[PDB]
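Before any questions on binding or motion, here is one chain by itself as structure tokens, the form deposited without the ligand.
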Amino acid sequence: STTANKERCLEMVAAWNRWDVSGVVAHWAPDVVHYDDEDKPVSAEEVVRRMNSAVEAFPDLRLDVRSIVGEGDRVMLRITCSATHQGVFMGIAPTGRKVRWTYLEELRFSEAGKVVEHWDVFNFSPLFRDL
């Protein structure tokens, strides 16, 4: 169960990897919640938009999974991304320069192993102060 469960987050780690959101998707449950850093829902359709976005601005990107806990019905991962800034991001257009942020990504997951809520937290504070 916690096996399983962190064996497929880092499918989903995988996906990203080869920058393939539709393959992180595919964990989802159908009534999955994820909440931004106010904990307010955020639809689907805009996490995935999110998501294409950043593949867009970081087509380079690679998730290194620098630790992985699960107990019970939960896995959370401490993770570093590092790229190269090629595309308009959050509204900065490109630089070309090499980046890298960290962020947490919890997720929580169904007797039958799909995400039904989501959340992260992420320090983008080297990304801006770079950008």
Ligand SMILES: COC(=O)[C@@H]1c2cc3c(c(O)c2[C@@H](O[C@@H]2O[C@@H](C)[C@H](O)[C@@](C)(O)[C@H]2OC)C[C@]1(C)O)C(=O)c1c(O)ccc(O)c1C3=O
Given for the second form:
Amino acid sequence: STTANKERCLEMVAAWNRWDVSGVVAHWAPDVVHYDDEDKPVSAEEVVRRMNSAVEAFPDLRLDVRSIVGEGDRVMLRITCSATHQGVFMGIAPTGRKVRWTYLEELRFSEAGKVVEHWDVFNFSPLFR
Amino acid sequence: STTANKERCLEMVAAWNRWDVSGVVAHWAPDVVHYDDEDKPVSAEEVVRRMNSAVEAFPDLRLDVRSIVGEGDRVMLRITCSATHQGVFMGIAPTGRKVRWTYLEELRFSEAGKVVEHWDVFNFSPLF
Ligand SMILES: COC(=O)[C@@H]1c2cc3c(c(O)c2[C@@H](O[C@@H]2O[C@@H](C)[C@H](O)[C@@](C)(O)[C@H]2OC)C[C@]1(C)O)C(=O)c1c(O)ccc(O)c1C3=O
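Switch from the form deposited without the ligand to the form solved in complex with the ligand and print that structure.
Below is the entire complex, every chain and molecule, led by the chain shown above.
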């Protein structure tokens, strides 16, 4: 089941790598809660919007899972994303340049294998250095 | 093995929470490698310098472990740090304000229970 949860996460990475946000969302429970950097909930709709913007802005993006660990109902992954910055993202004008950042994704799964809680830690300084 | 590794991580957290860098370093293997944000190794000496700078900078810091997961020889923690900016930091002079940041800490352990590889992801955005 931790094994099953890890596979689901890899499925979500694969969905990202073919630029299919809908493929990521499909793993969400209907009552999923996403948390921002201050630990405030963010609506699933705003989450989908940020994700859609990333795929538009970083249309060649590639995610490499550097590490993944599962225990109980939890999975954590450290991921590196590489892309070229082609579109506007979170107000930042494209530079046309290669960018690369590393982050954590933490996912909590229900007994049925759907994502019920979701956290991230991003170091986005390559975008605003 | 995962249980013992997680317990070691929490001892390292408790060392930080009493502002004792030595207590953290005590868990390292003799040939530990620490990777920076660009995955470049950082020398022991420089890592310890950064750790000391942080305690000088934020001498009232508190680490709150939000989540900890172990499997095999690795452990990941999602940690929230709260402090007051009382010392110079990464060149920024003190402001005296309450600050807060979140980070991932990932540690890989030897069979003997020492840290052999270590990564972080810091979100310093709130702090900046
Ligand atoms: C490829 O993009 C990213 O690098 C970001 C990112 C990545 C993921 C997920 C993300 O939401 C995001 C994104 O993160 C959101 O948008 C950023 C602007 C916010 O600062 C954010 C980090 O708080 C987050 O908003 C909820 C952005 C980016 C660049 O697309 C994600 O939700 C996710 C998931 O729900 C389940 C499995 C996953 O592997 C992910 C993600 O990898």
